[PDB]
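2 protein chains.
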Amino acid sequence: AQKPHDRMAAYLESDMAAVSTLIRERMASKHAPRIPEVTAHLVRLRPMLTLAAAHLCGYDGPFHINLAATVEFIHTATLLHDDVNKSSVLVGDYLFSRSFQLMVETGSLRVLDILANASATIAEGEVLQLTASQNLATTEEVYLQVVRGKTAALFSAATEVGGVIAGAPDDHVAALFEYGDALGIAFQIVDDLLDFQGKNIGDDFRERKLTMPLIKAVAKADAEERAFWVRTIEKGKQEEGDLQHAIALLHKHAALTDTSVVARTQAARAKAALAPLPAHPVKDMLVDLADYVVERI
Amino acid sequence: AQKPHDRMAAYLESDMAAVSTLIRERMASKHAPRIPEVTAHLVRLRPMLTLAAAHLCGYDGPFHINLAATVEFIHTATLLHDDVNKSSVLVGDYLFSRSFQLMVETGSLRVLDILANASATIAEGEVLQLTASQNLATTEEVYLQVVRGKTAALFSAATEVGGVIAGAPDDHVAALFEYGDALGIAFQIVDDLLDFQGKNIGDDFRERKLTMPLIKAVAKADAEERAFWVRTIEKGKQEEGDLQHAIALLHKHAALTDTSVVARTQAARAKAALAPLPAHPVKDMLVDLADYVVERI
Ligand SMILES: [Cl-]
Ligand SMILES: [Cl-]
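Top line first, the protein sequences correspond to chains A and A'. A prime marks a further copy of an entry chain. In case it helps, the authors' numbering puts the first sequence at residues 7 to 49, 55 to 95, 114 to 227, 234 to 332. In case it helps, the authors' numbering puts the second sequence at residues 7 to 49, 55 to 95, 114 to 227, 234 to 332.
Worth flagging that the hints you see were computed from the coordinates, not collected in a lab. Hints may contain errors.
Same chains, same label: a pair holds when it works inside one copy or across any pair of copies.
What the hints assert, rightly or not - No more than 27 Å apart at the CA atoms, straight line, and that leaves these computed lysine-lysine pairs for DSSO-like:
| id | residue 1 | residue 2 |
| --- | --- | --- |
| 1 | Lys9 | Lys270 |
| 2 | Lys244 | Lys115 |
| 3 | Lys287 | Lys244 |
| 4 | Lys234 | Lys9 |
| 5 | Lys115 | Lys179 |
| 6 | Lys115 | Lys270 |
Produce the entire structure from the sequences given, and follow the hints as far as they go.
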């Protein structure tokens, strides 16, 4: 999957350069000089999705660059905010404001709607996460909502705005959205998976954050096992030996193999969502990307 | 100034109701139920400026309601963020996202530009504040920038978008902007003033936040006085007696009378900025408002 991944990068090489130029130039604040030391310090596939999607639909113009920059600004600002100290909040807010300026300059209300609704979903997931983390009532169906918010919504928006700015027909656009949604879900399930499969390991477990493997394990917990889950997640109390026991319970209940399967299934869904589109070298790159996202499992 | 202030309220009575309905209905999150307990708990002249400005320019339609809601969403989200714990950041971000949805629905790229640039100014001030707070190099001219960001930019944007959505000519719009800018500056200088003039008192002093009265005092500090300023602001070290001494130095250097004068001058500037506009009952309300903002000094 290496040479296939490199081809996408090399094709988008120039646009990625010209984006990362914008990110650089807009992180520069007219008045305050106390920003660029933090922004440069913090500065990818999300902005790549937007450019790829634009080229796939034959876009000549300049605004795909704006939109891909917006996409990264939004991802970064969201990261800062999760790392919560005062310096983060306000710097993220700054990037949000800058992201908003960039989309407005494109002249497209449609993409603004798309990114406005996406930002709603993202922020809505972040809060849903607060509640659903450390809460053994959480179904998988509820975790998928969390995943969309925290992860997939931006993927799907990134790809969708790339098609919209290109002026693509509504079927091509829905397919771009579905590609990005499924790819984002796969992307995040892979992360979930690798937090167990071979510093990193058990992180979600200590964090008391309900990953899919944990949901699938808890879903089969007898009284004995429930007490263990009730204790290390909802009470937060953990000791020596507790990570090894959690992992044993995952394996006992096929929680990892089964999560691997959902990952692979969403990744196949991504590729299928490209089907109706007419053939195109970027179409191929996006297929390879769907495989690349799940290669590590 | 009471009956004159009440007339504005009573004229805008219905629109304010119908806005606070929106704020209520959009704070409701489809999926996550862990928001409305915080948003209702947190929910004014800013949204009033937008409605007033729309009516002043003869706007029939519905979007002045959207825009005034956006204005409050933005003010609130900004408040939350300054109060920084994790629950704040994400709830504010949620209101920002919701504010963005509302402006997009208006169909006006111009107002989006206005509010996108304003959001930039606001966030840019917040960061400039970090540096300029606890920094005796700060001139008044630098404080005015802080004031615009933290305060006036939203006033001026609130009034300006009200005129733009109404479709008013460019001269009427610039005057609305200038009214709101000067009014916001006056508004904030008044706050600065009342943090000394008669729990509240000395707050900015303990906070090591460079209010205008402090700038004007420091600006005249000899070596003896500088050492006192260098110590209680840049070193943060304060003892018994230090507030009384600061206040003495303000009076010694006419720092309050002089700040009062800048307040009054900006408020007169606000009213003058309405001059070219044709006469109108809301025009009168905005004049009274300019006097009302400075009545407490
Ligand atoms: Cl397994
Ligand atoms: Cl004085």
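Comparing the hints with the structure gives:
For the homomeric pair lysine 9 and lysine 270, neither the shortest alpha-carbon distance inside one copy (47 Å) nor that between copies (57 Å) is at most 27 Å. Within a single copy, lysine 244 and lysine 115 get their C-alpha atoms as close as 25 Å, and across copies as close as 15 Å, so both meet the 27 Å cut-off. In this homomeric assembly, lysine 287 and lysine 244 come within 27 Å of each other (Cα to Cα) only inside a single copy, at 20 Å, whereas the closest approach across copies is 59 Å. For the homomeric pair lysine 234 and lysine 9, neither the shortest alpha-carbon distance inside one copy (29 Å) nor that between copies (67 Å) is at most 27 Å.
Taking the closest pair of Cα atoms, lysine 115 and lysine 179 come within 27 Å of each other both inside a single copy (22 Å) and across two copies (15 Å). Within a single copy, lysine 115 and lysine 270 get their C-alpha atoms only as close as 29 Å, which misses the 27 Å cut-off; across copies the closest is 20 Å, which meets it.
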